[PDB]
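Coming up is one lone chain in structure tokens, specifically the form solved without this ligand.
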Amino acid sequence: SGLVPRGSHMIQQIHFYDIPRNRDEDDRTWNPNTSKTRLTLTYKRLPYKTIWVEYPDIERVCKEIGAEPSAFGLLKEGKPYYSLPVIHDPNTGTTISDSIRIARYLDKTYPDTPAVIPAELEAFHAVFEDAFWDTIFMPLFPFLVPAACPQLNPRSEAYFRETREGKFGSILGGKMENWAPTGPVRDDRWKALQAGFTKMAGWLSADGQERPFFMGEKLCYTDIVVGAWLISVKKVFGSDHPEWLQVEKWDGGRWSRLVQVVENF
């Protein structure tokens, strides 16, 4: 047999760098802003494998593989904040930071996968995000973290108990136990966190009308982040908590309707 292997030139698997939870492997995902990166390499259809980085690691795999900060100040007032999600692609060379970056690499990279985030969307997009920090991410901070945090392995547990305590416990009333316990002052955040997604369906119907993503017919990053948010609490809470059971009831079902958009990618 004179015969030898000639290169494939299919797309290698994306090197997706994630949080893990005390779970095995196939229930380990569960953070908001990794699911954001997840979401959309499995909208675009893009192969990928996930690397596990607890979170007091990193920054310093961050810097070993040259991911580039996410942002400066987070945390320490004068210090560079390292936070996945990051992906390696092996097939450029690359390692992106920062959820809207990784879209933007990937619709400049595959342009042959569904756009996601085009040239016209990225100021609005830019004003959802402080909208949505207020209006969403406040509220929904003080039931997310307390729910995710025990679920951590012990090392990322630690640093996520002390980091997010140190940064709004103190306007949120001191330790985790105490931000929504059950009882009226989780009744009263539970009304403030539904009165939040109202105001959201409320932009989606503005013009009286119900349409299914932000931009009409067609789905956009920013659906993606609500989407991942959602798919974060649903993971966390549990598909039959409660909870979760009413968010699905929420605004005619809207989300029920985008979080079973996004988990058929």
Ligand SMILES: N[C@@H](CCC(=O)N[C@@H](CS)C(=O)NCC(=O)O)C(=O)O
Second form
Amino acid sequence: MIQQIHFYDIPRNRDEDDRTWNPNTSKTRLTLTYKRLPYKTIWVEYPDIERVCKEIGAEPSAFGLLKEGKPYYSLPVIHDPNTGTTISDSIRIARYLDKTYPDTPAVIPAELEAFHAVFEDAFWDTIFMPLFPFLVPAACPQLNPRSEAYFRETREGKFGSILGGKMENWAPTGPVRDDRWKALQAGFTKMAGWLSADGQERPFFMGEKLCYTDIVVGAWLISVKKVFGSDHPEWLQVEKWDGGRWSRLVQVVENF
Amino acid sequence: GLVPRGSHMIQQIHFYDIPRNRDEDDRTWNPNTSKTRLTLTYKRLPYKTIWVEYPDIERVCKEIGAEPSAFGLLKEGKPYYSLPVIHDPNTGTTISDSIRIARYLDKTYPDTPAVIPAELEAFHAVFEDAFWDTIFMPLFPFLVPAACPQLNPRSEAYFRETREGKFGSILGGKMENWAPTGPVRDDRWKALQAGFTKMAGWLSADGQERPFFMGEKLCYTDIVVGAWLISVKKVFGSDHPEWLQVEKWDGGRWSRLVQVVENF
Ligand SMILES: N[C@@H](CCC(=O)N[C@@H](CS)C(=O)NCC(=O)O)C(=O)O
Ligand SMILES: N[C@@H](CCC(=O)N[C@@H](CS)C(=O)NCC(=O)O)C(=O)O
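Now that we've seen the form solved without this ligand, could you pull up the form solved in complex with this ligand?
Let us now look at the entire complex, which starts with that chain.
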């Protein structure tokens, strides 16, 4: 028995039972629940993140990734009162939870680190960029007004010219939305090919044992399902892609 | 009297390789066949090399029962027959594609050091796609224009035609225009540099400097990287100023990996 970990999450404008949504933060929430570690959520809205980080003393995760000159403060962040430690960046948190609690199933063993880093770069071009003009426009009006104004302005300032300016132009219903939906499906099919490269259909990257890179894929899937709604026609298609493999993974991480 | 018992020693595996225009001992060079050559020597299995020119590869593959490795890589409707191929007379089995060859050798010779265990298969296929983008495409306008004039005439014509016909249109036309000395070569060299630093960054993602992707143990993934570096060295020459530059990339990681695969 130990104290509840402090898990800093980003809310949308919904009641608390439905307030979690974010892809990156879900990596850590799913890491905590896989390890069955007790936690409480502490909600921080987008425009308050760096201030809230600076006050509890969590490091930034990257540098100049929004404004070239200043560090990038992000969620997830955990504070573990059992050790007094504050950790930011979902992968740094996972290692922390591996080392602090060896009883829990290890998620990122040393043997996985370089291959998972390969995956993060593969996943960026293959899944994240095809998915971005879908998830981001859809999550934006779900935020409360201050969060939406910060989310819209920062993400339009960064990905704006690469996609078509304002978020309504990213995937507008028509030939635009059709082509991007195609390239998103291709990316998931490419990713299923990695999983079946030996001629079999393993459930997880390592085989039957699950690790952090399965959590990562699940976190983004859980985000799309939470943001679109589990009966949205575009989520219902994702459920069927590649033999329903993505549906099986979501089932796995939901039942952690 | 006394009469021989039949020996049961491991017979030389037949390794099908692509020559260049040099004598026997400097005849290997190719990065894909090097994957399998290195897999054989890492496992310390006996093998002999059979030389096949590029335009003869398909005929040889069909003659010996080697399946194609892909579909439509050169002509839209046509199977792509490629080297490396081994034929193992110890089992009568012919295998194509460096990766399938690695699986066959792991399985058939289980007392040799394992190179592609099952728990690596999906991560390694991720790597081949990430490696294609960040290493292979930047490297292509350097390695192919240097290798091409080193081939025997029959392979030279076939290699120039097919590679220019497939890639030249997005690299400036004919091979002489892919990376000519001057700013074009220099900007492509920077892209290749950054590709390798991206790859070194994978290996240092935990803040440490593991020698191989897994840690202290090498696997098939390190062999793939070494085969491509060994090919660059063999084609450019060990004293080429550009090869000497690669030896100083990323704190010398690739030089150390080349050293590793050279002493298999
Ligand atoms: N690489 C980080 C990504 C964290 C991240 O980018 N989080 C975003 C949420 S989508 C954030 O909080 N950014 C702060 C901001 O936008 O101001 C991780 O995996 O933890
Ligand atoms: N990636 C596969 C394919 C290797 C491959 O494409 N080999 C080339 C040599 S560079 C080949 O034999 N191609 C024959 C041709 O171009 O006709 C493998 O590792 O075996």
